[PDB]
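Trainee: The chain contents come next:
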Amino acid sequence: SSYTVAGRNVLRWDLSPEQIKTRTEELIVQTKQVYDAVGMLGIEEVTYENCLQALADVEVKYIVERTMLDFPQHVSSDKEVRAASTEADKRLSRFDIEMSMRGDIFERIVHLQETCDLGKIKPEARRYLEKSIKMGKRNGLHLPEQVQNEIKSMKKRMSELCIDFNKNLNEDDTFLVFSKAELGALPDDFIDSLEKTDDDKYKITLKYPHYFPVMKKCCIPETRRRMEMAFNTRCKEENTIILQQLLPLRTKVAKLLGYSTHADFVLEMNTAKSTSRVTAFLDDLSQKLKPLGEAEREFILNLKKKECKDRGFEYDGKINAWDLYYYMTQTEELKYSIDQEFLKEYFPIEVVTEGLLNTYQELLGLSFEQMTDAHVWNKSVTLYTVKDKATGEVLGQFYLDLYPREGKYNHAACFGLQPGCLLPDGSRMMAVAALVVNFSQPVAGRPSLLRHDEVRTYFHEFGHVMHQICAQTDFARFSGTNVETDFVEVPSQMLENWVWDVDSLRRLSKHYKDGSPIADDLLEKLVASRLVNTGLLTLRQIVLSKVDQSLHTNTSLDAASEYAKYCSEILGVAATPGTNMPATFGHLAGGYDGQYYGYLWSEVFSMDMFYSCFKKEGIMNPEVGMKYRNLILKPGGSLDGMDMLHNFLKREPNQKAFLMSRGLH
Amino acid sequence: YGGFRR
Ligand SMILES: [Cl-]
Ligand SMILES: [Zn+2]
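Residue numbers (the entry's author numbering), protein chains in the order written: chain A, 15 to 679; chain D, 1 to 4, 6 to 7.
Okay, chain A solo, but in the shape it has when bound:
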């Protein structure tokens, strides 16, 4: 029922390694029987029910069962369960390629669109046909036989290369040892949480809750250099081999499909359309930020020269890679009076969670309720039920996995577990999402205290959750966040604007000790500090976007040399010799290949919607919030990204709001 919750979450999280492997074989056998039955139908025998409906019914049942098998590798605390989940992901990814390249299915779908009356079917069903045909041509099913076999074998190879690329980074356990003197200027609540060694030193891992605080606060330059070297050499040997094979395969596949480069191949499925649009977008933005980067680098060198003189260190007259985050932090303290370690005292995780849920219950017209004794994959995971405030319709559920642990996904993402699409019996499946982040642990007898950047990450990932829950389509392939890659980051970055509003920050903050709110002056300075270090921070994102474009455009290039090239030309901070940042670039194997520009590309759309609609008539306006849910989130992937922006803005988007928020133009 659309107004109940019991029985609609069919996800089990107590699977053993043997059950994961058994369910994987069963899922492949049962799914292949559906594709085989459709393939056996005569061409003049296919209809809407025996072909389109039969495939749509198995796509939703497959992706839900697939979720229980390929998700434990990211969250489970049992390494054997994670290994069985990764093997299930490898086996199911090759199966996806086998089914996607069935010529008999392609012929019968093409024949169905030609004979069926497209006017008597839902417009989303029309989109299902043309997308399926377009996906078949992007697999070469209109090409001769032997080239299809080459594409298939190379697709299966790239599948295992991408899985092994992220598997190496997720299971890395590299750590360094430092003494108390080598960890100068680090606070005691960080030092007292590290593992002690036999010689009274401390173990520091390369994970985010350890790497960033060292690179931002530790006043020992050699300590930051050793950390930056180890961080940008993770899996350097094995992942360079993978990149040296994956990138030529992507080019070789794009050639056989008729495309010049792999970047052109993936750009056709994005709102940017062409690579020449991405180049002009990145280059024009890089030129606007060039004066800001020069002024910020000059201020950083002055900070480094004075500190080397005060502390008696040697001064090399340059900004090394291990100096960037350290003096960016000083720029925030000196130019904007912002102490992140003091400001986090006003952001205990329970107050931030309460304010986060309350902000979007009121804005989106939703009702959140935490479930007790919830079936979860880890003890620290909580479950919430989402209802429509007016009708009481149970839209979906989401999990909160907030704290880091061994073997857990170390970045910050949102996972779609169940799509909010239609079921074969006519009912609607309850959407399910999971917010997976690694926030600060509760230490020193205090609750978890989040820095402002962690609060902004909390709002970003919750935007993906709201997109997954509010999306309601007919087909699973259009549900959730199955939109253009350069558009999926619009709902997430849109909700980041609420951590830069004074009244919104006042509802998110309460001191962990005495419960007092943040002072008015400090609250004003926090909002005014939104553009601190924005020159170099954005230039580094352009560097990553240019490297991602270059590695998928030019053939026979050294990944480390191309990254060091743009670091010196664009960012002005040289890459450390001996490192290999592209070997750690997980986006190149996590669906963002040739598409990392989409973050900056999406920010133009989110800033335009926030400034032109929310910021003009109240950012908590329920009318504007409901219009944002129905036009941006609810359609999911059933409409083009540009079409949904047109319906919300009643015009075309432009960079005026984007450039104004960046202090440009």
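Treat the hints with care, since some could be wrong.
[Claimed, not checked] Just a few of them, taken from the derived set where beta-carbon distance is under 10 angstroms, the chain A residues facing chain D:
no. : residue
1   : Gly421
2   : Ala426
3   : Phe429
4   : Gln455
5   : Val457
6   : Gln482
7   : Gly604
[Claimed, not checked] Now the in silico label distances, taken between C-beta atoms and shown as ranges:
no. : chain 1 : residue 1 : chain 2 : residue 2 : range
8   : A       : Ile135    : D       : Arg7      : 26 to 34 angstroms
9   : D       : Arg7      : A       : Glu583    : 14 to 22 angstroms
10  : D       : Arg7      : A       : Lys527    : 31 to 39 angstroms
11  : D       : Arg7      : A       : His660    : 29 to 37 angstroms
[As the list claims (entries may be wrong)] Residues of chain A clear of chain D, computed beta-carbon distances all greater than 12 angstroms:
no. : residue
12  : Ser16
13  : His88
14  : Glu94
15  : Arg108
16  : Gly133
17  : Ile205
18  : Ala309
19  : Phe327
20  : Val450
21  : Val451
22  : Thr495
23  : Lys527
24  : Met595
25  : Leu614
Hints are computed from structural coordinates only; laboratory data are not their basis.
We put the CB at the ideal spot given by N, CA and C, even for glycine.
With chain A's structure known, arrange chain D with the ligands on it following the hints.
Mentor: Chain D with the ligands in isolation, oriented as in the chain A frame:
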């Protein structure tokens, strides 16, 4: 994965 730039 479905979340956070580098
Ligand atoms: Cl084949
Ligand atoms: Zn995101």
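Trainee: Taking the numbered hints from earlier one at a time, note which ones the structure violates and give those numbers from smallest to largest.
Mentor: Violated hints (numbers, rising): 1, 4, 5, 8, 13, 20, 21, 22, 24 and 25; every other hint is consistent with the structure.
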